[PDB]
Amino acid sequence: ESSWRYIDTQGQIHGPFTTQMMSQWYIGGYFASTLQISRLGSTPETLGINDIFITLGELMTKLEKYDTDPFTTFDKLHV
């Protein structure tokens, strides 16, 4: 699993935190879409997000590109 850092409201960097920890906090409502996050570059990845800070909202927008339509998305999850 990945690890992540984030920048808080005052500018302080926190982490590394596992995907599990970040996911839990997100689902818990602790993170605004404006929050800056960074994925630690533990593995190569083609999205280009390793070690940079982008907003949560920007990360979500990037990930949406993979979900082109519900038919392919259904098959990718279920077939």
Second form
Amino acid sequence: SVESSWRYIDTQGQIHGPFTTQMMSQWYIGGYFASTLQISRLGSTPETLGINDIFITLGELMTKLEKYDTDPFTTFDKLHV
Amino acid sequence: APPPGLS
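Moving from the form solved without the partner chain, what structure would you give for the form solved in complex with the partner chain?
Below: every chain and molecule of the assembly, starting with the one above.
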């Protein structure tokens, strides 16, 4: 059973990560992420949404999933990995 | 506790 690794770009353009789905989830639920935050799922395994290794806003990740439970990261791994 | 680079 696979857990994803994620990166994100801050407002100074620095790349942080890779951080696990669980970590990303916690920060999401913590309210730390803006919907404008550019994030990326690392292409460590195949996945059915089609977001491996691309940078998209958190808001766009959610438009693609069309439904989330507690957070888009956990949802992604559950539904697409 | 906050993610690095975001505040």
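Residues that one form lacks are left out of the comparison. Think of the rigid core as the biggest set of C-alphas that the two forms share within 1.5 Å after superposition. Positions refer to the first chain, counted from 1.
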item: Residue among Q24, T68, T18, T61 whose Cα moves 2 Å or more between these two forms, once the rigid core is superposed; value: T68
item: Distance moved by the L40 C-alpha between these two forms (core-aligned, Å); value: 0.5
item: Regions of at least 3 residues displaced between these two forms by 2 angstroms or more (CA, core superposed); value: 65 to 79
